[PDB]
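Each chain is listed here by its residues.
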Amino acid sequence: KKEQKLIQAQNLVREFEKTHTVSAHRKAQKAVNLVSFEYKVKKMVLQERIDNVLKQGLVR
Amino acid sequence: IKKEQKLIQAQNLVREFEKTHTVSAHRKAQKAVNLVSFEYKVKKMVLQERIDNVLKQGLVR
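Heads up: the protein sequence lines correspond to chains B and A, in order. Its first residue numbered 106, the first sequence is counted upward by one per residue in the entry's author numbering. Its first residue numbered 105, the second sequence is counted upward by one per residue in the entry's author numbering.
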C-alpha cells in the first residue's frame, strides 16, 4: 500500500526529530524516498522536516 | 603500506568534512575512520572526535 509507506515515513521522521541520530536520519530518508511521488506536498513537508533536523545537528 | 594509506585517506576525508559539512562528506569520513587500524588508536580517537564535532554543528545535503 502507498498509504502504508506514507505512514511509515511519518513515524520515522518523528523518531528522527526526537533522537537526531545518524541511524534515524537514514531510516527516515529511506522511508521518505519510498513514498510515491504522487503525494507531492506531504512528501515535501516530510523532506523539509528531515532537512531541519539535519541542520540542527546529529549524534551517532 | 595499505594501513598507512588508509590512515592518510581518513585524515584527508575528515579535513574535507570539516570544510563542507555535507552528508556525503560525513559518510566518506566515517567509513574511512572505521577502516583505520587499531595501531593508530589515538589518531582514530582524534579523527572520531572531529567527526562528532562537525555532526553536532549540523549538516547540509
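Hints were generated in silico from the structure; no laboratory data involved. Heads up, the beta-carbon is just placed ideally off N, CA and C, and yes, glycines get one too. Heads up, some of the hints might be wrong.
A few chain A positions that, by computed beta-carbon distances, are all more than 12 Å from chain B [as the list claims (entries may be wrong)]: (1) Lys110; (2) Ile112; (3) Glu120; (4) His125; (5) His130; (6) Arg131; (7) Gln134; (8) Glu143; (9) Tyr144; (10) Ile155; (11) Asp156; (12) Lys160; (13) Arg165.
Residues on chain A that point at chain B, a partial pick, calculated with CB under 8 Å [stated by the list, open to error]: (14) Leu159; (15) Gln161; (16) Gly162; (17) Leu163.
Far from chain B, some chain A residues (derived; all Cβ distances over 10 Å) [to be verified]: (18) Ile105; (19) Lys107; (20) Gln113; (21) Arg119; (22) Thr124; (23) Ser128; (24) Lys135; (25) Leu139; (26) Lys145; (27) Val146; (28) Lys147; (29) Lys148; (30) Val164.
Hints not upheld, ascending by number: 4, 5, 6, 7, 10, 11, 12, 13 and 30
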